Amino acid sequence: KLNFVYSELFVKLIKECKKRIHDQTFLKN
Amino acid sequence: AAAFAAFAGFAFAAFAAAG
Amino acid sequence: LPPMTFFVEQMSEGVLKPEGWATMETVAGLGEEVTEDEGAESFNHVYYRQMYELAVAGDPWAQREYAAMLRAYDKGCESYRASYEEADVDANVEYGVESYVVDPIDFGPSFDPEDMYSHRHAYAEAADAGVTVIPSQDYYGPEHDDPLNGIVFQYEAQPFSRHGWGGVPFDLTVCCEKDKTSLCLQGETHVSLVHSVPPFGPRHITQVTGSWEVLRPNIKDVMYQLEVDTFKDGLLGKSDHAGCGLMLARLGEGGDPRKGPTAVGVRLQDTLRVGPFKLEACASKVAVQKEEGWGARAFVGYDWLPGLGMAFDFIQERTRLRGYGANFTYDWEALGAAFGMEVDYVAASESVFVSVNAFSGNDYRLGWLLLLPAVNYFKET
Amino acid sequence: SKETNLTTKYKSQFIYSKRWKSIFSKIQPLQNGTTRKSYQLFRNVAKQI
Ligand SMILES: CCCCCCCCCCCC
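Taken in order, these protein sequences are the chains called S, F, D and B.
Be aware that the first sequence starts at 1043, since it is given in the authors' numbering, and climbs by one per residue.
Be aware that the second sequence starts at 3, since it is given in the authors' numbering, and climbs by one per residue.
Under the authors' numbering, residues 530 to 818, 824 to 853, 860 to 921 are what the third sequence spells out, in order.
Be aware that the fourth sequence starts at 585, since it is given in the authors' numbering, and climbs by one per residue.
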């Protein structure tokens, strides 16, 4: 069963974005 | 110029509301 | 009711940008040092709201993220409370019981004693209240009393926010001048709404402003104005900062116009880069209750000559006197001085005005340069 | 100039993975409201980024 897959992607993608692009401490460093 | 301004304003408002 | 030219001038202000959200520094960095950059803060807002929603849904990772955010927020709040307590203790230590006093407002030179009435404006420092109080100075005041009449309150907030994320930016300003004879009450309010963010879509913002004016003894009539403006970026390109606004003005006695003179205006604003020209344009049309006025402002820049600034204005009355104005500005550095020139040309009156400001801080060479008026000055009897 | 007699320009062929295609074909995103909402959110974010 693959009903959940998209959800497991979304909670990943934005989270990864938070780590890689819109992180203010990383930008400061 | 009044008709053109009114039409442009209406079109811009409709385009902004569509998105 | 003011003429349609006033409304057309008000509407054709230029390229606008509504105010965004405000962010805490402790929570955003999770206790680490951060810098300033837009797009990474509204992203944090919407991201934390979405993660709260997902955690409520049941996703464990969202729960972990929200728990970490809550821990950071609690630590920041406790740190700020401790800092406030320490600051209060230090203030008590410095001055045992004496509250801090404020410097009085300096009005200027006059034949009356300059040090007089200074005691009246020297008050104890107020607490950390949300409102901001400013005094208003009238043109002509009483000869033997202070010339400060009235007051103005300014307030800002971002309510409907959870843990410092989200909310609705809201600004308020009220000027009140009340005496035994007259009454002047001018209120203004601004509200901001955000629909989407670059990560989750386009930049869509809506600003609603409402301003009312009351002058009781002289005018005996009140005026209301309500304007709604919508801004979106990249409508016809990568970035165009498109904006459209609608304003309604009413001069009714109270509440609804009740046959009061109404006025409806609409404005459009956009900036575009074509070749070597970055052109910003704002055009508006206003109709009062039945003449209609049109206004347009444009700012034009040339990248090969960055020192020159060019502004064009076109105003058309009801059909149909068209007034065109062109303003050019330039700057340069002379010998130990800086000279800035401005040329304004109007075709309606066929007039050209040239102004040159000069500043020198090294010596008085420019003073010896200009000596014609001394000879030009004659007693003439 | 021998390619003038015989010129067979074959290109633009797009190869699609069998496993990935089957996996994403077996996914039903539109028969339920919650799945549709999650798919809409992911589609918005992916198209944006
Ligand atoms: C809630 C739906 C999003 C779009 C709302 C647009 C409201 C402003 C349009 C009318 C003023 C020009």
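Hints are not guaranteed to be accurate.
In the SDA-like style, the derived pairs of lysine to any residue whose C-alpha atoms are separated by at most 20 Å in a straight line are [to be verified]:
id : chain 1 : residue 1 : chain 2 : residue 2
1  : D       : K824      : F       : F6
2  : B       : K631      : D       : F729
3  : S       : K1043     : D       : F729
4  : S       : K1054     : B       : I633
5  : S       : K1043     : B       : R620
6  : S       : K1061     : D       : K824
7  : S       : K1043     : B       : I633
8  : B       : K621      : D       : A591
These are computed hints drawn from the structure, not numbers from a lab.
Hinted pair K824 of chain D and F6 of chain F, Cα distance within 20 Å: Given pair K824 of chain D, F6 of chain F holds - Cα atoms ~18 Å apart, limit 20 Å.
Restraint status (C-alpha distance of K1043 of chain S to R620 of chain B at most 20 Å): holds, 16 Å
Agreement of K1054 of chain S and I633 of chain B with the hint, judged by alpha carbon distance not exceeding 20 Å: holds, 13 Å
Pair hint outcome, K1043 of chain S versus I633 of chain B [Cα-Cα no greater than 20 Å]: Violated, because 28 Å separates the two Cα atoms, which is more than 20 Å.
Satisfaction of hint between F729 of chain D and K1043 of chain S, Cα-Cα up to 20 Å: With a Cα-Cα distance of about 29 Å, the restraint between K1043 of chain S and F729 of chain D is violated, given a limit of 20 Å.
Given pair status - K824 of chain D, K1061 of chain S, alpha carbons within 20 Å: violated, 58 Å
Pair hint outcome, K621 of chain B versus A591 of chain D [Cα-Cα no greater than 20 Å]: holds, 17 Å
20 Å Cα cutoff - pair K631 of chain B, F729 of chain D: Holds: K631 of chain B and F729 of chain D sit about 10 Å apart, inside 20 Å.
In summary, the numbered hints that this structure violates are 3, 6, 7.
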